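For this depiction, one protein chain was excluded, whereas all remaining protein chains were kept in their positions.
Per-chain residue numbering starts at 1, and chain names A and B are given in the order in which the chains are listed.
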Amino acid sequence: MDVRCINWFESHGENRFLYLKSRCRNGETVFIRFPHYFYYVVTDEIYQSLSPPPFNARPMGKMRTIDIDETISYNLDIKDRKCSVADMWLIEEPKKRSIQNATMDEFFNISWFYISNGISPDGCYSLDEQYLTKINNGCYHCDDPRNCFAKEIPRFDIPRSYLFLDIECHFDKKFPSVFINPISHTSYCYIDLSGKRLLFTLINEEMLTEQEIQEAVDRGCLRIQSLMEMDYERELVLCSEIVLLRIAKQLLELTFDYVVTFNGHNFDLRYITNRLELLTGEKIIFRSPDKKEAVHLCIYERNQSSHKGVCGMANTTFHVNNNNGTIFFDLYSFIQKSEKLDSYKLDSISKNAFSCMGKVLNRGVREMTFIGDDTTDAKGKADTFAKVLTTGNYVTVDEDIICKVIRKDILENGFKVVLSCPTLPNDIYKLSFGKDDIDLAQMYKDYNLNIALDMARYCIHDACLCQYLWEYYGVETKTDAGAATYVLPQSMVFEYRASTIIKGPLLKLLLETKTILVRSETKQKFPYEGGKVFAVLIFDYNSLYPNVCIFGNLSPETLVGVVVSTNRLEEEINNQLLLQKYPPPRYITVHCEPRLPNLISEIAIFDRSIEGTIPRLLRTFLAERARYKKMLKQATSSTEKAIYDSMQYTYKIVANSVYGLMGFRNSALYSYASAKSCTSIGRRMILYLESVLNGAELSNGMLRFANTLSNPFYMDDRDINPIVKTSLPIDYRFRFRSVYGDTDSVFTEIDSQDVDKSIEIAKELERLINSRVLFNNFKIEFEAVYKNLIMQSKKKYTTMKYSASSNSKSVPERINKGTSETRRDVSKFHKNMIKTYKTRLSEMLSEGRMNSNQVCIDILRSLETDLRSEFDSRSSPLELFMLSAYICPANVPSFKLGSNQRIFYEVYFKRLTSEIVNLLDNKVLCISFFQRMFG
Amino acid sequence: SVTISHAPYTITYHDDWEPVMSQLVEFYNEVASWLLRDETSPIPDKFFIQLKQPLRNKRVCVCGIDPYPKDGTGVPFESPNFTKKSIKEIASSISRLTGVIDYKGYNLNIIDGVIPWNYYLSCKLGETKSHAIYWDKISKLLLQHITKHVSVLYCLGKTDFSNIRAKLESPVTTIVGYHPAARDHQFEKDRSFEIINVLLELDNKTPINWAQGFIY
Partner (left out) sequence: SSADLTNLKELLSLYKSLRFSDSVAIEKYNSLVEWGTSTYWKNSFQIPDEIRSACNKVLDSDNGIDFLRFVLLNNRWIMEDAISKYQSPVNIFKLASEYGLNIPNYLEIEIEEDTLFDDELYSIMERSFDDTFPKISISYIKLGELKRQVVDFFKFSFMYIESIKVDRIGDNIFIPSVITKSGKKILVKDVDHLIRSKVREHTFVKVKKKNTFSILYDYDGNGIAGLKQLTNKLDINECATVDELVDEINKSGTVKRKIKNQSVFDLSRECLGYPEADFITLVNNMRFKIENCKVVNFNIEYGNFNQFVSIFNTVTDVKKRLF
């Protein structure tokens, strides 16, 4: 009996159970019920002295228990770790037990249920039906998940139900209330198992005159006054609010696989439940698959901060309390969690997710036709944009141009769309989807039939946006990847932090290496630098910190000791005894930063003879992500191209999350030394590269690297010679000036300032600066920031100006990646002139020869004459500001102005010229111009 | 005594409730129509009788969650015949600090310093937690105003009170508790009592005399 697992959930009642929702080969759904236990790892002597005897105990072999408490030491006589080796056992307790000196207590019982039984949460199995007794139609009982989930077959494909919904409510306040305002429309995107994608919008009768209701029934709609009277094949339906809410309740109680919605946990589902209770006095009944437990829909919060101060804000996320297996998903919470966008409205999210390009076909009065094809613009973007156009109404051209469509044509490939926008000169225009300029508040004060139907369209498009976005973010495959990398149920994948996802891989590891890390001592905190700020080519490190915790073999259990020295003349004695004792390269002594004064040494000693748990974890993660990148490079199907992409991304996310998890106090990977160590090794490596990257190159085969290629942390006899021999054309002159970098970049100042001469030389340097200057597993990569991409501040303060791999006949673009100046709630008058002031700001940084005089006189004259011309002419319109109102006196040297034109810009006008000083090399003209700008 | 639209058509309060009482009127007016759609307990005539009690001379709030569905009285945990469930239990479990056992009644409304507070000011008679939807806003508001004049909070509830810090826009000493509505009353393992006393010292308030409330 073959099944594929969709979701794992537990019953929250008197009886603890664990359910498996799975789809068979032929599309039938079967649930399986496992007794849920508590799991305790207990040594042999404890097990033998147990009273009463445990319910079930299975051996675990000889595990070594390692005490990983870090004890500082003021002399070089460090006692070795306390490491026992005992025969362990696994105790399975139906009801919780208080058992003393039991270890491995940081791992959930669901992780144990998976690992001990050898079950992947997303695998596809051939269940030995000899054990699954039947309790009711569609539910089996499995007492022995060991011998029933034995034979594991390869992954096959199954059908999956869905429901993407959205509602709209009457209002005159900012947000409606369940008591005063009734819901107007209610749209759905019901995707059955068979594949039937049915869209339909229910409209509220009771806001219409009977005359317009009859007009609508004449026009095209259906009318229902009962529940059994509706059918989802009709695209528009008119009904009261009681039948509307009863249909909503009838849908939400179905066993869909997912029920997706954007911020539909806080607003939509809550509004529906509350209003249904008010109107009809009914509730939404989620029944358990064994029909032996029914709950009512009730939304509950879950604060997410792993550290909460006083008077702060934690991202409270609302969840449904359903217990039937359906994964009530909310795209809003997922998007806020996974990606750090600029804003999180559905409109802007769409406008940045569904994009394409459109070439003008035939202009006209108040109209314009755009074509978008695969062979012309980026492959796949035209197809997704044509998938969004089937329901959308208001298409957005490159900027601030929102146009109501007139006619849309979905070709076999591409799209042709007519827009009601005034004439535009340029032939190409980038089309993004969605801002929908409508006065809903005003549209509700004159509600009639045409407006009812307009809003029904507005609502069905918003209900289908939650499907286009659900497919864009590949959530259905990221879920099944996370539910297998992190050994967790498909429902608990995005609900938790790193400290919770990391425990499945870690527990699977500790049963190979047979270690058990314990801590019989409390931990102390020492605050640190949580974020770096700083200010040509761009080479980055291949996941620097996993590579460092693998190079240095950093771990809590492979720490020999932290030899510290109070003051001078003891650090020296200790340094000499650390040069003789603990010698390279089996031990590595890293000079961490002093944890408390008075101390000047804090040297940490790591033994590099056995692979710790953390470095072995990281190596497995890197190896699997590499395997999946390879398997994706060779993927032929369009489904495998998604499965393997999701798996690779999952391994990336779980690998990058370990370094932050070592400095996190209440974590299963905590070690103050290793955290403070890999931060110092990485910094030393970065500074080493910066040291040897300031070297000139001439008479090809020099690239002197500016210094001897001396390996840090020890000598290694690696042909230490600055002058190397490259393989590029002979006559060259370029020097690379100072490089700064943060941790995942080292920008070197190339003295060429042109493409086609950097891409080649940099691609041949990166091969020569990661095979001749780096040592063990510190690889590098390469990109290029074309013509001084504005480096205002730390990482997320730049423009895009992309030049990745090709520079011959290549197409760059320079819109933005700032995520720093795009947000409203600010002025609208004087700024947005950057859209006109950038063409002269991007051009004052792209000359190199006349650049100095041009930029200085340009900033000076431009800003002084902008001040005077705004004070005299009153020219700039009121459009936007675009920076992340205010009033200020103008008498001395809804957003509407005053009588003196120097009201509120005298601060932004100097903050702007303050932001843009770190892109030149002038130290006298720039700062003096700044000082004189005040008068 | 502000005059609301629906029952009881007016709410007489104490002089220390005006920092809130104004918006309570609209909060109650938008929900009253459905609120009095069913006869609740307490009756609509004693919804806000606890709004008569001053908050200056009080420093501890033993916050229940919902009144006794079988005819609560508008003052939490009170008993006109001392024959209820949780009140006799807490009187018993508190009969050990004072060391006395003789009581004809024990209301927290006469312990000078403590104020019994019902989170949800009403419930459908016979049902529990059945008027939460009608009360959420006013309940959060009344609690936030009760905590800005006193400083201690003893939520008599195990899981009913789980996110109390979220529904409070200001830091106040939020002690928690375990609902003795369960079996064994669960009050023996945890000595919740006298923790209020210890915590009333770090700002020099007087300890609660839990004997002040018996009937003699």
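Everything below uses one rule, namely that a residue touches a chain if its C-beta (ideal position, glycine included) is under 8 Å from a C-beta of that chain, and two chains touch if they have at least 3 such contacts.
K.L.:
Check the options A:576, A:639 or A:806 and report the residue that touches the missing chain.
P.N.:
Once the missing chain is taken into account, the touching residue is A:576.
K.L.:
If the hidden chain were put back, which of A:75, A:130, A:303 or A:900 would touch it?
P.N.:
A:75
K.L.:
What is the set of chain B residues that contact the non-displayed chain in the whole complex?
P.N.:
These residues of chain B touch the chain that is not shown: 165, 171-175, 189-191, 194-195, 198-199, 201-202.
K.L.:
Considering the entire assembly, which residues of chain A contact the chain that has been omitted?
P.N.:
74-75, 310, 566-570, 572-573, 576-577, 598, 600
Going forward, only the chains that are shown with their structure count from here on.
K.L.:
Indicate the whole-number Å distance between the mean C-alpha point of chain A and the mean C-alpha point of chain B.
P.N.:
So the centre of chain A lies 44 Å away from the centre of chain B.
K.L.:
Contact residues on chain B for chain A in the complex?
P.N.:
30-31, 33-34, 133, 163, 166, 170-171
K.L.:
Help me check something: in the complex, which residues belonging to chain A touch chain B?
P.N.:
177-180, 274, 277-278, 301, 303, 310-311, 316
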